[PDB]
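For reference, the chain that follows is the form deposited without the partner chain, supplied as structure tokens.
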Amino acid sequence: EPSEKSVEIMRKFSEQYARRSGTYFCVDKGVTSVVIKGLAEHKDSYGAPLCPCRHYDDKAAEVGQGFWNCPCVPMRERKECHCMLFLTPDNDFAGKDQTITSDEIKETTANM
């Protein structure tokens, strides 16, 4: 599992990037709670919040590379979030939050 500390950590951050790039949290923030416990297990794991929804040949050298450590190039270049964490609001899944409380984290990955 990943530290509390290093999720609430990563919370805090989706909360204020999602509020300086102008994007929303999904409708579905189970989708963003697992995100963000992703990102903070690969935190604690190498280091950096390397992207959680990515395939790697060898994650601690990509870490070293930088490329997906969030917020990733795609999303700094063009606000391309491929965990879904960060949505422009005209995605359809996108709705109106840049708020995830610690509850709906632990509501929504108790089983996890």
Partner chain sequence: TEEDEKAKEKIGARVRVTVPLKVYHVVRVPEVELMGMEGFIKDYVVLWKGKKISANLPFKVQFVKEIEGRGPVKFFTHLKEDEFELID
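If you superpose the two forms and keep the largest set of C-alpha atoms that fall within 1.5 Å, you have the rigid core. Positions refer to the first chain, counted from 1. What changes on going to the form deposited with the partner chain bound:
Checking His82, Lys59, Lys29, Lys79 for C-alpha shifts of 2 Å or more between the two forms, after the rigid core is superposed, gives a single hit: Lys59.
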Given for the second form:
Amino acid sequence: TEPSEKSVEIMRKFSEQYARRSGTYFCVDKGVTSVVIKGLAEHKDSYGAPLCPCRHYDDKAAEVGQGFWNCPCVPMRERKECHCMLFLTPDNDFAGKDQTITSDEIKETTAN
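Okay, that one was the form deposited without the partner chain. Can I see the form deposited with the partner chain bound too?
Left out here are the partners and the other molecules; the chain alone remains.
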């Protein structure tokens, strides 16, 4: 289902400051950024925590409690590995120049 506006804005603000803090950049295609941000928001709405939208889980409540895949996940925090392509290191071929993304960009690129 569609995530709440408020959770999307939570996860948008998070993405901006975390990209800045980690020295990473959003994908050249900000549709990819926007889709992942909405997945984080949807998981926050449904499970109580922004579990990685590019992982499959058995027991959601146990994954929320243990926290390994709660964004920013352990591979991102420790190795700067973001397989969702939300936070891209500057050497990555699909890293763009932006560490910001507006609500309008999120809505435009995910309208379809």
